[PDB]
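Left out: one protein chain. Kept in place: all the others.
For reference, chains read A and B in written order, and residue numbers begin at 1 within each chain.
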Amino acid sequence: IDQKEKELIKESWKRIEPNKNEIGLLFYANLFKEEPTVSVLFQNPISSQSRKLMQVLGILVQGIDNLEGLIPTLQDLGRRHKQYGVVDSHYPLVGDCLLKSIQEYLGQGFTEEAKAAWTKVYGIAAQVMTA
Amino acid sequence: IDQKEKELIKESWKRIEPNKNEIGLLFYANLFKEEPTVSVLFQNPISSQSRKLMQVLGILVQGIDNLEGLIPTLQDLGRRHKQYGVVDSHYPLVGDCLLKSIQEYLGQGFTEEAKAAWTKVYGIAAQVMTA
Partner (left out) sequence: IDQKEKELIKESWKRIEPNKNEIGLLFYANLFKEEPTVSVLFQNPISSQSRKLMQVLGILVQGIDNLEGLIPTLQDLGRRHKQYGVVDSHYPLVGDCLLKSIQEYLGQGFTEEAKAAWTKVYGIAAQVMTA
């Protein structure tokens, strides 16, 4: 992640956070439509699972300057996700799915440049989270 | 549908209306979770669909003193849903899941009475759509 990509995450988050709720939710809907089989793993109120996903993305954004500093957490999150039955192949599909939704919801307002950046960021988080 | 219960819809909508977006979105996620098979029927952007869905429930509250005056829209729609491969048996499921989605997001801000009341309304608009 370079400088340009850092500044990009921060600007884009100005649009995302305000609508983060909808996106989280829109995400979940699209993920359950795309791979309807994963939905069983979600055993808690979809409403409050989304507040939790968005929260980490905010965390990522608050910490985009030094992501190393995050490794400790994402690992703990990786550990917990494995308990859920989340496995490797799931990550690409969640990555693709969240983006199409952040695109979907924000439209032309989620800029090509920005999408690229988030695609890279997710990527990392994902690696890190899959020890 | 009585004037007491005609009160509660006007009342709780003022609770639903401001949250329509998240509520509409969580519904589709819950739904695609509960009855996974039916997601394949929804072939349009979930975002825009939820927008379409809430607009109608608006129209519904907007006309709750005289619903007989909507039997024509409520049937133009009945025929289009038929054209969408919706069948009668879907309405109980959706309704059920809709109402449990309005309670999820609004919590203790959506009373057993508001639930009971909407329960009927959906109940009605459906039987008119199933013509």
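Quick notes
Going forward, contacts are C-beta pairs under 8 Å (C-beta built on N, C-alpha and C of every residue); 3 or more make two chains touch, one makes a residue touch a chain.
Taking every chain of the complex into account, the absent chain touches A. Among A:73, A:111 or A:130, only A:111 touches the chain that is left out of the view.
As for the chain not pictured, it touches chain A at residues 4, 6-8, 10-12, 14-15, 18, 108-109, 111, 113-114.
By definition in this document, only the chains that are shown with their structure count from here on.
Computed from the mean C-alpha positions, the centre of chain A lies at a distance of 30 Å from the centre of chain B.
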